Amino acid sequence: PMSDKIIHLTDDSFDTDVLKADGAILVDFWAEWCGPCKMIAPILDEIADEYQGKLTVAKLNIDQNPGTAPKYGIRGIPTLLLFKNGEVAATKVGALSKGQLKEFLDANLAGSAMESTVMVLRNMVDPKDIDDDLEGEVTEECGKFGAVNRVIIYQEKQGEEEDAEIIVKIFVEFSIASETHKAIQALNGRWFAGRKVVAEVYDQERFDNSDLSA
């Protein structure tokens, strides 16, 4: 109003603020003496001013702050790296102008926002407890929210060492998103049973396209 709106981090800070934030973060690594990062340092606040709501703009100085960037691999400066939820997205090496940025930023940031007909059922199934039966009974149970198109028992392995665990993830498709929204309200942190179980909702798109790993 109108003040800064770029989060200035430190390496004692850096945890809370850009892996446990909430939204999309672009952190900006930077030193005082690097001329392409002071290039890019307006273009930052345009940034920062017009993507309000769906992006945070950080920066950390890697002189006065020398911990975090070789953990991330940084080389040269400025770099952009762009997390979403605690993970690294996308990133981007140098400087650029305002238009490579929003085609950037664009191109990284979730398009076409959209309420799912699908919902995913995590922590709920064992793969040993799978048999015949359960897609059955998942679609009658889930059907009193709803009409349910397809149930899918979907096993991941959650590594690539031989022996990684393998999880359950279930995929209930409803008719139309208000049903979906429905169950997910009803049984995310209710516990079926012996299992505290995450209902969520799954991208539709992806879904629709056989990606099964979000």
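Positions refer to the first chain, counted from 1. First, how it differs from the form deposited in another entry.
- Checking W191, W33, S112, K71 against the motion between the two forms, you find the hinge between the rigid parts at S112.
In place of the form deposited in one PDB entry, output the structure of the form deposited in another entry.
What comes next is one chain alone, with no partners or other molecules.
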């Protein structure tokens, strides 16, 4: 309609309006006396209209609602935080052009540029349980979903301390992304020997370059 599309936040409403909201929320920490906050105000109005159905813009006045911004380490204003499903997806400090704002939003609302052929299985086994048959077992089990190119049993130390925990990531590379997708949908969230497995895509370019750190 001819009405205000911005959500006007308070400290009391921040949790339900921002953290529990559906879809992406762009939060602007601002104040009435703030020059650059006024300068981006009409940009945010246009964004709220042009990104309707894809993004909600919200504003928290930090004079009238002083409790929330320090919990996010806000310093200068305006500061923009992009939230999705209760996570902070991106931050941007200070004023910016509409073109810069649209690139900041497009690059962070985008998602992935490609469905990967590589699946990673997390929380599946401990290092003590690894043996020489594990790679072959994963290969035969994941053959139910498609052609398996390669399986990597990767052990990763979780920190610099001597006693740091070691976790296992099992990488399964399929021949084409449609196979990877079937395996992920069928296995993600399933329980295996008392453990809830996470099965998800793993960045293909990283994997192709022997970067198994993600």
